[PDB]
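Enquirer: Letter by letter, the chains look like this.
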Amino acid sequence: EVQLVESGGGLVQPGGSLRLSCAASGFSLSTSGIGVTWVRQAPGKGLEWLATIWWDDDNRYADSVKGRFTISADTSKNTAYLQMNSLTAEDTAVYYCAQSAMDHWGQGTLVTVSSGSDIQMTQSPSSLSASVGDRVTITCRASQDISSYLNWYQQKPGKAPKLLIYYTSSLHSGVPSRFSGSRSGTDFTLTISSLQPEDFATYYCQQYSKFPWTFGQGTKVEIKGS
Amino acid sequence: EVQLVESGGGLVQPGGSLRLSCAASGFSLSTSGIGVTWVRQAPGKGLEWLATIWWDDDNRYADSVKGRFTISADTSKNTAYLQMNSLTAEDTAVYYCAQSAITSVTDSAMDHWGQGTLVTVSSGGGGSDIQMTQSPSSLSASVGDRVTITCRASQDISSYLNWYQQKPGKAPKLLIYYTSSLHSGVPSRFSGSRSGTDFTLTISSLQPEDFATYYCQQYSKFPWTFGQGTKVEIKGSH
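Residue numbers (this note's numbering), protein chains in the order written: chain H, 510 to 735; chain U, 2 to 239.
Hints listed in this document are in silico derivations from the structure and should not be mistaken for laboratory results.
Treat the hints loosely; a few may be bogus.
Here are the computed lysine to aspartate or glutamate pairs in the EDC-like style, where the Cα-Cα straight-line distance is at most 16 Å [to be verified]:
#: 1; chain 1: H; residue 1: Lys665; chain 2: H; residue 2: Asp708
#: 2; chain 1: H; residue 1: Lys665; chain 2: H; residue 2: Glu707
#: 3; chain 1: H; residue 1: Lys719; chain 2: U; residue 2: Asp211
#: 4; chain 1: H; residue 1: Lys719; chain 2: U; residue 2: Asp64
#: 5; chain 1: U; residue 1: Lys222; chain 2: H; residue 2: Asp572
#: 6; chain 1: H; residue 1: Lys671; chain 2: U; residue 2: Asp211
#: 7; chain 1: H; residue 1: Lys719; chain 2: U; residue 2: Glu49
#: 8; chain 1: U; residue 1: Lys171; chain 2: U; residue 2: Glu210
#: 9; chain 1: U; residue 1: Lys232; chain 2: U; residue 2: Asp211
#: 10; chain 1: H; residue 1: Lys668; chain 2: H; residue 2: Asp708
#: 11; chain 1: H; residue 1: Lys719; chain 2: U; residue 2: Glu210
Chain U side only, calculated, beta carbon under 8 Å to chain H, not exhaustive [said to hold, decoys possible]:
#: 12; residue: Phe28
#: 13; residue: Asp75
#: 14; residue: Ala90
#: 15; residue: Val144
#: 16; residue: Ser221
#: 17; residue: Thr226
#: 18; residue: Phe227
Sample of chain U residues with no beta-carbon within 10 Å of chain H, all distances over it, derived [said to hold, decoys possible]:
#: 19; residue: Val148
#: 20; residue: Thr149
#: 21; residue: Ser181
Note that beta-carbon positions come from the ideal geometry of N, C-alpha and C, so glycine has one too.
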């Protein structure tokens, strides 16, 4: 019977490195046609293929780990490895190895990368249709307290974003007074009092309470009828 | 009147390297390019912050570019840079630089932006990743029910599909390989089949040990890709 035994996980500080091991028994890594694969699963999420190494020493990798992870094997110890550099919280996951369909799996080893959580901005609506002269109201919800550290931008196709409002409610010079911003707790609102033709565009909120700076997904303000 | 002028984008092979430049005129960058920020926008998608030169010699980066991208500036040339290694198709985007306000912590907003430079990273001949779309995302059923789970590949993957079961705290378990072949030891009530782009996993009479999550997985091309999963749950557990 085949057994795969993983080790090497644990707590690692961001920017650090780890080497995971996958020790095989009941079969030999050097045998023609055998490969070992690494797959990971972030907490509460699905499965992500990372890398595969074959008897012939040929290997394949996933894009999300290009340049940072290296798969290898030691036939002498019948063990495969995953070297992981420049780790971040996005690499927190249970890491599995499997023999190759993937029939036999290791038990998993948890890698936790940490020293807070990224701030998520939930912008609504995704899109809206309106007419010239309408009042337009766009909102953003921060996943945690960000004080008043929120900006609003406008973007038109093919152009860079344009700053409208900073620090929740301060109108930047040159921006028309029909634009205003407010907040109530973690709920932020951009209001266009009377929509003008030049205001059809996409709008984004952006928090700067902490790094990473994060944007809402955008709201497209479109002409009624398309 | 200020202008930020970007250059350095173009077509890149997987694993390639670029250096984007952001040349300022009409004002002077402050020490070390403090406040210069890079933001990117993938085709049809939103804005993503990448990096800011910030105070106390602490450059700030998005996790997904840490160890690959480097931000720096040459104030004597009034130019800032984003150097990018280990590029992949996921990095295809218009890349913007901007100057964030630096005088008050109440305001780090970006008023002045470059025009953008397009970075297109090819797949080196591999084409686009195959997306597996699995449905339902969850379903509730009773012991004895017939359970039907489907997966759709974004392109033709022939018969190269496997089905896995996973229970909390355990590794995935292979149920079916090559679309319809049952693995030794899997109960007879499990079966898999194919039509065209769409694959089906069927449990003919749901048993208590079958409440679990199920995943499809294609191996037509690397990268191997999985469906998002289907959680099979007990009726009345909500």
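Enquirer: Next item in the hint list is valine 144 (chain U). Is there a CB on chain H closer than 8 Å to its CB?
Expert: violated, 26 Å
Enquirer: Is the Cα-Cα distance between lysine 719 (chain H) and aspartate 211 (chain U) 16 Å or less?
Expert: Cα-Cα ~44 Å, so violated.
Enquirer: Once the shortest beta carbon distance from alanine 90 (chain U) to chain H is found, is it less than 8 Å?
Expert: With Cβ-Cβ at 7 Å, under 8 Å, it holds.
Enquirer: Assess, step by step, whether the Cα of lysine 719 (chain H) is no farther than 16 Å from the Cα of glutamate 49 (chain U), and give holds or violated.
Expert: Measuring from Cα to Cα gives roughly 15 Å; hence the hint holds.
Enquirer: Should the interface hint for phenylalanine 28 (chain U) be scored as holding, given a Cβ-Cβ cut-off of 8 Å against chain H?
Expert: Violated: closest Cβ of chain H sits about 15 Å from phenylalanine 28 (chain U), beyond 8 Å.
Enquirer: Are the Cα positions of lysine 665 (chain H) and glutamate 707 (chain H) separated by 16 Å at most?
Expert: Holds, because 10 Å separates the two Cα atoms, which is no more than 16 Å.
Enquirer: Between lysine 719 (chain H) and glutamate 210 (chain U), is the straight-line Cα distance small enough, at 16 Å or below?
Expert: violated, 45 Å
Enquirer: Can you verify the interface hint for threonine 226 (chain U): is its Cβ closer than 8 Å to any Cβ in chain H?
Expert: Interface hint status for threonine 226 (chain U): holds (7 Å vs cutoff 8 Å).
Enquirer: Taking the closest pair, is the beta carbon of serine 181 (chain U) still more than 10 Å from chain H?
Expert: holds, 12 Å
Enquirer: Return the status of the interface hint for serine 221 (chain U): holds when the least beta-carbon distance to chain H is below 8 Å, violated otherwise.
Expert: It is violated, given that the least Cβ distance between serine 221 (chain U) and chain H is near 13 Å, above 8 Å.
Enquirer: Between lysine 232 (chain U) and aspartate 211 (chain U), is the straight-line Cα distance small enough, at 16 Å or below?
Expert: holds, 10 Å
Enquirer: Is the nearest CB of chain H more than 10 Å from the CB of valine 148 (chain U)?
Expert: The claim holds: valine 148 (chain U) sits with its nearest Cβ about 19 Å from chain H, beyond 10 Å.
The structure shown violates the earlier hints numbered 3, 6, 11, 12, 13, 15 and 16.
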